[PDB]
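Each chain is listed here by its residues.
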Amino acid sequence: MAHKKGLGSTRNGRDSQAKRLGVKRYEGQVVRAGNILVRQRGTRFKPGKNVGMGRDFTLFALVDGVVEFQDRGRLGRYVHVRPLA
Amino acid sequence: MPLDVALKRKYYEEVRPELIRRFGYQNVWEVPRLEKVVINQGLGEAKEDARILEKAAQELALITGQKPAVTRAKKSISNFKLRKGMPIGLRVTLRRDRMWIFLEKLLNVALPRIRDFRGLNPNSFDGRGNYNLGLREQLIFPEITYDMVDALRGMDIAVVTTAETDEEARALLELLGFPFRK
Amino acid sequence: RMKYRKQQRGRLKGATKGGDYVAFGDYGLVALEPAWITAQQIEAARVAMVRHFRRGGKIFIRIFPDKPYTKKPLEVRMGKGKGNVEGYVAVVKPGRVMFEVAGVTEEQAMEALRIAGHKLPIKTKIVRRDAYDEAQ
Amino acid sequence: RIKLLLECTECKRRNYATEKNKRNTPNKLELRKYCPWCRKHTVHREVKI
RNA sequence: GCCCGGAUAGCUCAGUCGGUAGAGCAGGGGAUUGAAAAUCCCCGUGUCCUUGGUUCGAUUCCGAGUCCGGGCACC
RNA sequence: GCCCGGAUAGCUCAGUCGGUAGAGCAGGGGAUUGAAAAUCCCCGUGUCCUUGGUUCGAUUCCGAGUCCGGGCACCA
RNA sequence: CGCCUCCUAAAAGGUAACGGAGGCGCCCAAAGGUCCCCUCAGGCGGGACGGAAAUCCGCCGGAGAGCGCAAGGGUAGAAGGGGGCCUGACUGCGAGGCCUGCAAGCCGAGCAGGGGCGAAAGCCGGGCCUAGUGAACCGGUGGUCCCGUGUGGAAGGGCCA
Ligand SMILES: *[PH](O)(O)OC[C@H]1O[C@@H](n2cnc3c(N)ncnc32)[C@H](O)[C@@H]1N
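Protein sequence lines, in the order shown, are assigned to chains A, B, C and D.
Under the numbering used here, the residue at position 65 of the first sequence is numbered 65, and the numbers go up by one with no gaps.
Under the numbering used here, the residue at position 150 of the second sequence is numbered 1150, and the numbers go up by one with no gaps.
Under the numbering used here, the residue at position 62 of the third sequence is numbered 2062, and the numbers go up by one with no gaps.
Under the numbering used here, the residue at position 35 of the fourth sequence is numbered 3035, and the numbers go up by one with no gaps.
No lab work stands behind these hints, which were simulated from the structure alone.
Cut-off 30 Å, straight-line C-alpha distance, at most; resulting in silico cross-link-like pairs (DSS-like, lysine-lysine):
1) A:5 with C:2080
2) A:4 with C:2072
3) C:2082 with A:19
4) C:2006 with C:2017
5) D:3003 with B:1084
6) C:2072 with A:5
7) C:2013 with C:2093
Sequences are here, hints too, so could you generate the full structure?
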């Protein structure tokens, strides 16, 4: 008396908003304070000279510097801002 | 009292060079002397809090300077694997001389003293020649009388020695404070 | 089969090549053109062999009951959480080092395999130890 | 309503500053500190329900 | 495709909110009977499911889990 | 969110218009006890929720605080 | 049927699916500041009331114990464990950037008033961080002391909190 399918909605209600962060400011490019560079939800980044780590593990330009990519090899990743020009 | 003080002083001072070169021939170093002595006893869970905690007091006290308050069962022994922080650190880490009139009074003057208190213990320290042996019953009246029926018993102390390897350490407190049988 | 005390529910699907080769006794069954193979079928061979071999002196192993295959429903219409666990098996694809001993000493072992796999489920080949292998 | 209720700071009749706060542990106990725009900084006090 | 151990004495179920556990039935020992019932006196019983955590203290308050339950499984 | 009531013995509750704290039940103790009772006498404990002021003093009087109980009204 | 975390986004970033998984719609009055100290679990060997597992001694160790809460990142060159003193979990504010079409949400040197931790070289405009969140209307209260429908006031009302 009525063979038509059957209920079946087990459920995987999963979700994660999109995001940002990362290696976000190109070699050498003109990098001014206020200008953010590389955000890290960790510590792949050590705020070297003029590199200001914001109250969030966010690499922000502390000075008018040329984009200073300072991978200090093994010490870890070290970010730096070079004395303008 | 200060009697046995001068005593340990000498026992060791001389015995030291004694065996020191008797076998050493290093440079009369901690080959093999003894330094500082911590003492530990029957953990707070042995508690009643106010009562036997204060008794732990009396005892730690007249014994070597330090005597218990009221807190001995937190994060509780509870049921088997039931325990949290560790607010029951009741011990004396006193460091030197006091310690020696102690090697004295203690080992050499209270050693055998109560119920078959013989001492026929194998490899006393042996865990690197530094201590081992704590006794499982107080020096009864190392002072005080009935100031608690069960009062205390789980007693065990430890010395910080340099009597490096055993045989050596053995020479050390063996003749210095008595090596309990085989 | 055996893929006991797993950890997750299901895998996914692909295939292409891997890392099976060696030897391990000199009575070898190597796949060639497969993919996953029923842990069962597997046991099948296991049997086949075991039995043939005067029924005693042990064979060895090879792959494992590896993944969880799901036909999900039972035959419904499709949209389940794709749930349902159901058939568990091997994931071997480039002629793989499938290793089986016993002490047959011969084309007897041969037969054993012959059927075991002839059976099993693919274009495959068999042999022995042909170019040793040096490790650290 | 939970052991989390909102209060705010006011200062010796010469201002009031805000901020929420709680209820739990030491409950009422509510002096605190803070600084109003009164004078240049100044105690304040806090309390205020 | 849910509702609460929906727990705690041998059982059926109270009680707590963390201090208190209880009752009925069962049961053990005497009494009545010629002997059993019934009836009459006396009595003992609890990891309060396991579990970590908090707290000075947890059966009780949180966190995880096991079991037994309850709403659909069918248009 | 206002508007009323209470806070007392272990339980439920009396209580000068400021001078004492009292019932009822539970709990315990003896006589009675085929017997269960009912009877029958006897007790047990109180910052009278807390903090101050009124008064020679205050369970009481007033303010304030916490709590529980009632009620009544809204809620973008 | 809102948000955080991991996979698939396939290597920039970034994307469905009735695709996998799994948490939050608390608080922490001091896990909020800074100054001074310290420094894991676990392995082994030796020990009172032990007695698989406390407490103490003796070694060993890319740190896998740890950080309210889930994941992931980080990370004891401690954000982690302990002591002292204290409120900036400040108002005025910010240049200049993350992402985003909207609004959002988010990162922040430095100038001012004003303090607090050291003597100070300086850190502090909440926490170790990524979830604990809600326009607009409407109306309340603590201001303010701007407006008032002739003028004085006021019902009432504008901006602040
Ligand atoms: P009935 O007793 O016929 O059993 C199910 C029948 O109903 C139809 N059906 C069930 N569920 C449906 C949804 N969600 N959409 C459309 N039709 C649906 C089936 O055809 C089945 N025969």
